[PDB]
Each structure stands twice: as structure tokens, then as C-alpha cells.
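What follows is the residue order along each chain.
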Amino acid sequence: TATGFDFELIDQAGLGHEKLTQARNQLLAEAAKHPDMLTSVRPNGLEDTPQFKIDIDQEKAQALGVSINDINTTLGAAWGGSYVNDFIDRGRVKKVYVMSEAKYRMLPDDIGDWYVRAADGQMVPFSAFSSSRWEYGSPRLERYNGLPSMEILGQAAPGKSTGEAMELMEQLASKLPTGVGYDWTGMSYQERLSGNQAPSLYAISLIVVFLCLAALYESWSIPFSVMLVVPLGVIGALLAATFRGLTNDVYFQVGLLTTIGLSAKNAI
Amino acid sequence: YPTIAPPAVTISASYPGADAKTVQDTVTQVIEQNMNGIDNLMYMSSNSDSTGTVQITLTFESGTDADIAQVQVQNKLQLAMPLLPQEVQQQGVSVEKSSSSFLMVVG
Amino acid sequence: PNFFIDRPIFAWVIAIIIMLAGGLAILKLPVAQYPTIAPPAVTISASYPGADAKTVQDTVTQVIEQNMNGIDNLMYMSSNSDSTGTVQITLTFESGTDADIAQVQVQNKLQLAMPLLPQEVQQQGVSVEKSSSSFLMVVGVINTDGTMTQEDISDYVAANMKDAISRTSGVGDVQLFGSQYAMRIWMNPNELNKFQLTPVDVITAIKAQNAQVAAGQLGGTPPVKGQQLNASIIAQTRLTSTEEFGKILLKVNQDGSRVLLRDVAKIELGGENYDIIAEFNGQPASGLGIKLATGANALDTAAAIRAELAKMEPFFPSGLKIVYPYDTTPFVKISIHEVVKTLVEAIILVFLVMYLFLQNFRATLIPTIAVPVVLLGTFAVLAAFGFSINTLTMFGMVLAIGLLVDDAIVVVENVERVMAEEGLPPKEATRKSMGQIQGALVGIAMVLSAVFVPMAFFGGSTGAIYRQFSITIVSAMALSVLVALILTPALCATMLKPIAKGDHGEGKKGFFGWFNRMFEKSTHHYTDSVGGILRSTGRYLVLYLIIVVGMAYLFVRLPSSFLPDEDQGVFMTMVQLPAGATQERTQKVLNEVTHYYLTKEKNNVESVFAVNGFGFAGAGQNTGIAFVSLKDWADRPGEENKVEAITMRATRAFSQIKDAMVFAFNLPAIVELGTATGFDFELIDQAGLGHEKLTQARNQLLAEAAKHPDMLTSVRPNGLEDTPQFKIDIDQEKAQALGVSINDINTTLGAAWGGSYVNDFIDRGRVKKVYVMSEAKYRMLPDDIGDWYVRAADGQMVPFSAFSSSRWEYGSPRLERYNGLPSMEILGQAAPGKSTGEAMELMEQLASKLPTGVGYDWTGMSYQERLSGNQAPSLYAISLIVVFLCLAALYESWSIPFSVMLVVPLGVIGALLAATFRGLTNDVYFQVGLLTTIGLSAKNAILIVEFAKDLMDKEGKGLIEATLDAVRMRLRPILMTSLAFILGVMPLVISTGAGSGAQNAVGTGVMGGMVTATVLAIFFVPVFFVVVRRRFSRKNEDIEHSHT
Amino acid sequence: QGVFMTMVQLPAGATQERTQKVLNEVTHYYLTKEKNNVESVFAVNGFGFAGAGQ
Amino acid sequence: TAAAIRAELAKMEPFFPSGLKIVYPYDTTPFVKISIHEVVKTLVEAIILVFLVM
Ligand SMILES: CCCCCCCCCCCCO[C@@H]1O[C@H](CO)[C@@H](O[C@H]2O[C@H](CO)[C@H](O)[C@H](O)[C@H]2O)[C@@H](O)[C@H]1O
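In order, the protein sequences belong to chains A, B, C, D and E.
If you use PDB author numbering, the first sequence corresponds to residues 676 to 943, in order.
If you use PDB author numbering, the second sequence corresponds to residues 35 to 141, in order.
If you use PDB author numbering, the third sequence corresponds to residues 2 to 1045, in order.
If you use PDB author numbering, the fourth sequence corresponds to residues 569 to 622, in order.
If you use PDB author numbering, the fifth sequence corresponds to residues 302 to 355, in order.
Hints are computed from structural coordinates only; laboratory data are not their basis.
Each hint should be verified, as a subset may be incorrect.
With a straight-line cut-off of 25 Å between C-alpha atoms, the simulated DSS-like cross-links for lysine-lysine are [unchecked claim]: (1) C/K850 to E/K322; (2) C/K694 to C/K850; (3) E/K312 to C/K850; (4) E/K312 to C/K694; (5) C/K778 to C/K267; (6) C/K252 to A/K735; (7) C/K603 to C/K589; (8) A/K735 to C/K208; (9) A/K694 to C/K312; (10) C/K267 to C/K248; (11) C/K195 to C/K208; (12) C/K955 to C/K428; (13) A/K850 to C/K312.
Just the calculated beta-carbon pair ranges, DEER-fashion [as the list claims (entries may be wrong)]: (14) B/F136 to D/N592: 19 to 27 Å; (15) B/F136 to A/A738: 53 to 61 Å; (16) D/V594 to B/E130: 29 to 37 Å; (17) E/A311 to C/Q737: 48 to 56 Å; (18) C/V345 to B/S96: 32 to 40 Å.
From the three backbone atoms N, C-alpha and C, an ideal C-beta is built for every residue, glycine too.
Let the sequences and hints guide you as you build the complete structure.
Next comes the structure, spelled out in C-alpha cells:
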């Protein structure tokens, strides 16, 4: 994108998901307070969903003759599914999945219809050794470079340069709790080191161009007289950009160059 | 367009039934612990999905011959393959070269 | 050529373009200490916790050495089967064999040996790596208050650092000095016996109790029509604490008194391994052992590593500031910086010589500017030729200042000479000088490639050296030549003020002039002399014979060499205890050494990082090592604050008074790679004679080379002799009826004393390991064998004193292997000034008398010397006939070319004699030096004989007449070029610090070589040309002629 | 590019049913008020960009 | 490959029992050898006949 970024907010210390998300609201609300820089600071991930814990009371089955492995894998093969064997149909190998049927594994109540047949020969209801509670948890556990992390997309105000928003983010994500550090990636990475590099390139460009005109003729001042044609070609391109409502994009940029070219040709 | 975007290899594994913390803990951290010592590494990013499918993409320095990156990756992951669970291990981990530029999609 | 003399601005542009091509090719050009020298190798490492030596050799090592079948460019394969259960297979390759393909072929040949390996091995990680050897750097971590112990610190390293600091773009295997946190469970035998339990129930317990679970989903997919909830089932989860681990239940008792883990074994967050302990200055520390990549630039990898770690510094806890024990980086930095400082200085001195000759400042700037631009320019040919800013090419620079100065100098000189000889204005005079010295400049450039090029034709690491040198010299030289045509002559015509006819200084003003008088008066001296010697020829012929032969004897009784040992500012000492030692006694030795260094070396030494448990070939309680860091150089005056004095007398302090062997040393300049005198003999059994017969063959040999003090030094095998072993030859009979099960007896024996990785747990967020082993005291002295019981089929435990046995044998802790077969390795040297080759042949001849199936072979260092070598005589014969042919071209005579080649010794005998007079060695640098030197002589004499023939031909002047005029015209440049050099070189031999051993090695050969060169040739060359041309006739009986 | 796309997201922990609801709405929408611009609408339930989920 | 391989066998020679002998049933090597020696003889000859013609 042009104006903006791909902020990575990273946990570095032995913290937990809750702590990070807390930091994220902290920064996202503190930086949604600057249209003076950033517009649409938004996190790209999935928020904590309602999740349903079945903290088996391990005691109330530990004698019953039932095996944890059996309880787990029946629970599992019940509501998730299991890849078992492979079969050769019509000529081609395919997978063999065994799962519950639809209706007998959907709503929490259905939990009950499931029975573990213990070692002796007696079944056990699941409401005998289980539990049930409702917590939260992310469905998308993101990580950046080996550590827990969370990704905040966002940009800068319509006519503010991407970099300025970046520096203000540095000074804002500066105000975060210990174990929370900052970092950049992808676009904002590729593009972070490559922005204030351009002037050196014109240093080579225009300096080597001046030495060539110094060569052709034989003067150091004559090339000035010829290099003076440069703006002449530009203010016409800009004027067109601004008046056609276009933008300083690359095709305009190489274009701007070519123009500089002929200015120099004719002037030469 | 020309070959423009910095080359990267994605690794994905499916772990039927795993909630996010499970895919982050049986598979994701095991792999993020065994990608130590491949060449030209710019950065690493994981997705531990509530579908049980983990997507760990590694993005590299520009003009880093992909083929070799994809190999140091597939062969540093085929080290942590025993240190993986058996649902995963049997249903395939997948190391692929990554973009999004599908020439065509045919329904 | 000339096009430019009329356009000075065009030429100035060419100057500045080559200049910023210099600077531009300077900011992004490789910088290493050396060129990449180490032949590529792939190391595979395997872990088999609790395994005896013979076990790592037989369960993992030989299963894989059978699957390393069909790898490319394979030079050799070597196994280290360690009694720590860690086997190290090193495969070394042909030179520069791009790692990636080799390492990929090896890992995809190892994936055949992957199913046929244990579940213990396969689970503790097998490792296929690209890697050097010498630690690129070691980064220690400590704490001020020491409110933490080795385990805490080491954890922070392995939980906050070692996971990503090895994930750069050029690090091989970081080696943790400490170990990462783990869930440590220590079984208590008496109370574990009480409540009726084996380790096996502890295993299955913590396993199936503690885990994540393949749960599933509410609203499961595919749902039913109208379904309106989707949410996640989180079932049984993995753990977190030590509580959650105490509470782990094994069985319920009849009354209610449950048997918890908590009770039955002690449960603690503890290291995954308690073998290695790291003490920085006696203070507890945990380090990072960084080994260099398989051909990555050093200072760039360290820069990147310094970047990630400098990024972790904002999240380190209270007081955890990084400490720095060992870095091979600043040596390279300060070294090359001292060579560049010298580049600057040599320029400076040269300008001074030049003022004292051409007493006009704006004229003296002509060749002053002549160099910085031929320099900059070469760096761009290096960027273009795939080289680096290594020591070799750097010394090629500093070295080549001489040819550049000479070229510029003879041009400005020839102009000026003509401007005082006729009275012409500069410009036409410039055109004129050029009209003579032009062709000569291209011909000398040619004969110059003809001598530096064959030197590029050598093989080996050293071959890489001679080629790096040969190129910066020939390349830089072409560049001085083009400068001599575009820029130089335009400058002589341009900034240089005109001297009208016959001015010749001549005091005239009173400072700079009393000189010109001294000198002109003296050039006469010179001329009246040379005439005086051309008078009598035989005499000088004889003196010449004497000079060659003197060169000869001086040459042969000179000790060859390899490279310089440099006080890199950072050294280390190695520790080894007697058979079967303990962690406490090692730590004892290490504490002592640590104490010594902080006293008798209180002013030179700063930090001692003691590494207990990790030696070289591998680990053990017995072995220790100590990376020790010194103070800044400015507080280290004399020669006694240096590596050799410190390490020698330290070694005195520890050798002569100690029980165990402890040495202090500094590693040579090369990161890894063989040294000089010495070798690496591998003695191999081929027809299967077992460990005993082999090691014994090693003893026969260790004694057979003990009968020749005339040759072989340090009669040593480098390995470890067989240690005391304690066998438990289970009688399976007296347990197969007892109600007891074998599988359970094994894994209990193991989990007791070997240990077991069981599950995985969540520490503060980070996955770490789950280990079960005995408690400390129930496995030390042999008796503890008894305290452990197997809970049989019925319910009765059984004593270990029930089914076992017990005896004590011997067997090695390190089963070394070479080329796929069992082997043992004998290091050694040659007598001092004795060649490695002689000792090598005597070694092939003594181990020749060994039992059938025990054969010999060579590796590593000893390889370097067998396929190659002694190519020099032919290389220089090449150089000499090719050069001779070039002089027959240039001179268009066969008999004339001889006169320049005769000047060859004159420059040598000076270098030799300078070496012998200082104490240096016929090492690489002496050869480069002599290269350069024989060069400059060639330059000068060629010039002289050139003028003479011209003046006889293109003026019809006599033989003698012309000879004298030739010498006459150009004594002044020869001296001034030469004199500029020697003064520029002085800094080298005078240099102290940062590889000043190299510098001293340059400066030496060069200075002496030069003195004898000029100061003899400017008297011998006329006698060369004269007597040689008088074994040639036609026209010149004595000549005169005509004109166009 | 002659072909464009729209992204849809249901509130947290929603179901395949509501998703398929929105998607068929949009498909109809394109074939209606855009009957003359749209040729083909390809609806994907369960896979968006933001991540995986019904 | 043949120089290095027959050298490999000659290093294995101190470990061969009674009669456990090497045989060469099949080798593409000497063909290369004589194929080439015939070409050089030809080349040489071509030269000779050229000098003679000239
Ligand atoms: C800024 C310093 C520059 C350095 C310049 C130094 C030049 C001064 C050197 C003076 C020494 C001369 O050394 C040289 O040896 C030869 C020997 O054959 C001598 O030559 C003389 O002796 C021999 C025999 O005795 C012959 O008869 C010959 O006729 C006669 O001229 C010397 O007279 C001189 O020509």
C-alpha cells in the first residue's frame, strides 16, 4: 500500500495471550486518537471466541474401569473425526474418516448420548466424569519470528507520508508494558530501509552526469549551463500531475526521468 | 509482471480437532524451534488455526534462489517430523513455494 | 596515449571515475581475515541419551555411515562416537564445493537411515549442519547480584536467545553453555518402592495424564439445517507448573491415601541437562557458542548477530547485561586498519621523498595524486573479479605502491629531465618523454605479468593465497599503467612549471639546492665509476658468481613456513583430568587456573570464561576449557604482555606442577584449517581386528616413532584411552520365571540412570521438555544397583541383586572412525626445521610393520601436502623462459634479453639476508615480497639497457658511450623511486601490534631486497649488457648510423 | 482488472448458515443491480481472507 | 573414475584372502584409450600428408 503499514506487536517475555491482547487495545485505542497522523489503525487477526471447556474430573472415572486414552479418543473421534485407513476406489487411493453423525454431535447437551464402556463391561455417561464451562480463546494463534505475536494493520492520514506515521507509532508503541516490544514486516519491512536511499542515487546520477558533460566539452562550468535545463522539463510534468489529478507513481517517475533526458539532449 | 515479490516458503500441517493452543503447542513451536540454521533469513510468521491447520511462512532476503531456500526449509522441518504428533505426522505437513498470483482459476 | 595530454579535463574525469568506482566498490566489498580457505564439510550430530560409546557407534553411527552412499565430491568421512551418546559424523569435501548441494545430498541420504534409528535418538533431534569449527564468537550472560544460578541464566539464554540467534543468515550450530529449563522429575527409590511402583507406571502416568487433546467442535462441521452455534471444544490440556506435576496421580489406595507423584519423587523446574557448567570469572554465567557459516563473511555475520542480540537488550531482566569473552572480529578489524593506516602513511613518506627531489610542490603533487587513484581502481577490479578486502590483496596494495610510484615517477622524471636538457616548454617535452617511455611502460607491464602470473598457478589453500596476490599485483599494475598514459602525462604538461635549458637546481637559493649540488656532483661520481668498472669485466663476473651462490646457500638453510601466529588479543586454555573424573574436581582445576590468571596476569587479563564439561572432540566430566579475554592493548607494553610469553609461562605454571594436563594457548590466525610442521595420521583396521588389536597397533606405533628422536616430535595419539566399565550382564533366565518382565526391567534401569524424555510442557509460554531420572544419591557408588525393584506380574517387587550380575572391564569413550571403518588417529610433528614430507614418509614406513588388516591413511592437514607440492621450480622456469621470450620480443634480440634476467639475484640476496638478519622465515610473505622486489629490479635494468640500445641505434653512439649515458640519465629516478619506497615501507617493519608479524614479514623482505637490488644493479647492469651484447655482433662492432 | 472481489465477515463465533445467507444475498445483488455488468459470481463459504472459519 | 577406482582396489589389496581375486569382465575404459590413440595417429598422419602435398 502507499500511505501506511503492517505493525507487529510482540510479546518477548513469558507473558500470556490475555496480556498481549490488553496491550493491543492499549495501543489501538491510544493511536485511534491521532487523525493527526494515523487513520484506520486496525488489527488483522481473529478476536477471542467463546470456547467450551470439558475439564474432565479425572477422579470420578479413575476407578470406574475407563481409560483416559479411550475417553479422549472416543470424545475426539466423536466430535472432531479420525483419519484411519486408506482405500483403493475406482483405481485411486483415498482417505477413510470416522466421525460421529451430524445431529449426535452438535449442541453441548448431546455430550450425554455418549458412553464409555469401562474395563469390566459397564458404560459410563459423559456427565459422570466431565464438566462444562465457558471461556474465551483465540481461533488464530499468530506468531512472529519464533515468539507469540499480534498483527496490527493501519495507515497514515490521507496526506501524511507513511514514514511519519511510522515514527509516531514508534513513539506511541513506546508507551507499552514490559515484555511488549515492536517490529515491522512485509511491505513495511521491505519499504522501511528503502525510502531515504533515493538522494544517494541522484548523487550518483547527477554527479556522474555532470562529469560526463565535463568530459564531452572540457569545462567544469559549461556542464552547469546545460544541467540548468532540468527543472524546465519537470514543472511541466508536475503541473500535469497535479492538474490531471494523478499521482507521483513510478510510471510517472521513470517518465519524469525520460523528460529530464530530452531536456538534456536538446540542451546538450 | 516480472518476478517481483521477495521469495518465501510456506509450511502447513493439519491436526484434526486441535484448538488454536493445541496447534501452536504440538506443532507450531516445535517447528519454530527446529528452523535454526537455514540461509538468508529475513523473517518467520505462524498461523495456528482453529481449523487445526498451521501455516508457517518464512520470507527471505531478495533474490535468494528459492529452490535452495525451500530445500533448507523442507530439510530442517523433516528433522522435527518425529517430534510431531501422529495425526499431523500422518496427514501431511506441506512445504510449498508461496505467492498468490494464480494465472487462472477454472471452475 | 596522448589524446588526453591535450585534454586535461577528460583525463581528470577518468581519474575521478576510477576513483569513485574505487570508493563505491569499497563500501560493499567482502572483508575477511583471510580468503575463505576451509574445504567444505557437513557435520551430522546424533543424540542417544544414556548410551555407552559402543552404543552410539553401533545403533546410530554405523546405520548412517551405510546410508552416506552416493554423495558427490566426497573426499572423506569421520565418526566421533562419544560416550556421552552424542556421535559426530564429519564429511569433508573438495574445495569450494558449494555447501548447499552437498548438505542437501547428505540430508537426503540420511533420510534413509531415519527410520532405522531409535525412538530415543529420533526424538532428541538428529542434526544435519553446515559449519566451520572455530568459534566465530562466544557471548556470555551474567547477573550483578547473582540473584540467579547457572540454571536460571542458562534458561533465559535458551528461552529468550538461542532460539533465534542461530536463525540469522550465516550461523552454524550455537552451542549453549548451560542448559534450557525442563520439567525435572527425580525418582526416590525407597519411597517409590514403598507405594508399590516402577518407573514404568511413572512414565505412562505423566504421559497419558498430561497432554493436549484432539478435541473437536460444538456445531461440528458439517452441522444441521438451522444450526446457530459454532464454538471450540477445549478438552484435556498440557501443563504449566510443578504443582500440576505433584498432583499427578499414579493409583488410588483402598482407604483414600492416594499415591501422588509429589510424594513419590521430587518435582522441580530444572535443566534439561546438568552436564556442562559455565563460570565466567568464577561468577556463574551462561554462554552462546557461535561457530562460523560454511563460507559466510565473518564481520557481516557477527554484525547481524550483534543486531539481533542488540535487539534483545531491551527485554533482559534485572542486571542481565551481556558480557563479552571472545570475538575473532576485532582482530580482523584492527589488522586490516593497521595495513590501511600504513597505506596512508606510505603515501605520506613518498610525497616527502618526491619533494626532496622535485623541489616544486604543484609538481610534486603529480605522482602524489598518481597512487590514490590506481588504488581505488583496483578495488573495483576486485569487485569485478570476485575477490575480497583480505589481508592478501591488502598487502598486495601496500606492496604495489612500489610499482605505481615507479611508473608515475619515471614519467614525471623523464619529462623534467628533458625540460632541463633542451629548454622545451613542458607540453612538447611531455609528448617527447612519452614518445620514449610509453612502449617501455607497456613492455615492462607484460614481463611483469609474466612473473606474477605463474605464481597464480599454485594449488591448495595456499594456492588461493598466491592467486589473490598475483591478481591484486598484476591488476593494480595495469591500472598504474593506464594512469601513466591518461592522467599522468596530462598532469606533467599541466600543473608543472617549465625549466629552461640546463638549470639543474644548483643551490641557487640556499635550502633545497645545496642538495642538487651534492647530487649532481654525485651522479657524476657514479658515472665516472661505472665507466671505471666497464673497464674491467672478468672481475665483476666473478663477484656476480659470488652473489648468486651466496643467494643460494642463504636460501636453502632457510626454514620454510606457512603463516604468522598473531597476538589476536584473546586466547584460551585447555583442561583435562584423569580417567573417570567428576564434575567437582574439574571445577576445582578450573577454579585454580581462574585464580592464577587473575593474579600473575592481573594487568594483562580481563576475563576468564571457564567452560566445564565441554572440551574439543566432545564433552565429559573430565574435560574443561577456558576462553580467556585480555585488557585493551594500550595497557599492555612489552613482549611479556603478549600471547607467547603469557601462554608459555602459564603453561609452565600448570604443567610442571599438576595432576592433570592443562595448557594455555592462542589459536593461529586462520579460523580452523591445518598448520605447518605436523599432520594427522589415521590408522585404520580394514579386516576387522576389533578395538583392542587396533589401539594396540596404535601403541606399537606410539613406541615405533619413539625410537627416532631424529625426526618425530610429541609422540602422541589424540584421543582417549579405554575407561573402566561396569557390566550388568543380566541373567534373563533368573527373571523370566520370577514374574518380572524384561521390557519393564530395561526401561526402569534406564529411566533410573539414563533418563527419559516423556512429554512436553508449557513454561511461562515456551514449550520445554519433561524428564524423569533418579535422584542424585541413589546412583553414585555401585551399591545403589540394589535399591531398585521391579513390580512384577503378581505384585512383588524383585531386587536388582536378584537377576543381574556385575564386573569391571575396559573400553574407549570415543570410538573414532575414518572412511566408513573403525580407526584411531595419531597426531605428531616433524623435527623443527625439518619438512613435513620427510616425517610423512618415515610414518608410512614404520606403521608399515603392523598386523594384517591394519593399514594407514592420511587426512585433513596431511592431505594438503600429498596430492600437490613442489610445483615452484617449474612455475618459475615458466616465468623465466616466458619472460626471456618477452625480452627477445621487446629487444628483438636473443643475446640482449639475458642482460635483464641476470639482474634476478641482486634483489633476492637482499631479502634473504634481511630475513636471516631479523629472524623471519621463507614464508608466503617472503615469497610475495621477493616477487615484488625482483620485479622492481627488472623495471630499472630494463629501462637502462633500453636506453643504451636506443642511443646506439637511434643515435649511432658507441657501446660504452651509450651505456654510460643510459645509466647517467636515469640514476636519479632509480634512486628516487627506490628511496621513496624503502621510506614508505619502514612503517611495516617498525609496526607493532595487530598482526605486525605480517607487516614485519612484508617490510623485512622488501627493505633488504630493495637495498641490495638498486645499490648493486645500478652497478652490475652495465656490466650485464656490455658483456652479453659482446656475445652478439652485427652493426654494433662499435656503432654509428643515420636517421629517418 | 475486469474481475473484482468482496470480503464478508460474520460476528464472532457465527455459523455457516448466516455466512451462506449473506453470500447468496450478494450473488443475487450482483445479478440484479449489476445484471448488465456482472457475468459470473463465485461464492466461497468457510474460506475468506482474514482467516479460516464458517 | 577408473584411475581412482583401480587405486581404491589396490588399497584394498592387503585385505584380500587367498584367491579372492579381482576380475575385469567389463570395462569401457580401454576403448576410450585406443579410440583416442587412433585419432591422434590419424591427426599426426594428416599433418604428415599435408607437409608432403605442400
Ligand atoms: C646521493 C648518493 C648517490 C651515489 C653515487 C656513488 C658513486 C661513487 C662511488 C665511488 C667508488 C668507485 O668504484 C669503482 O670501482 C672500479 C674498479 O674497477 C674503479 O675503477 C678504476 O680501477 C680499475 C682498476 O683499479 C681500472 O684501472 C679503472 O681504469 C679505474 O677507473 C673505481 O675507480 C670505480 O670506478
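What hints, given by number in increasing order, does this structure fail? none
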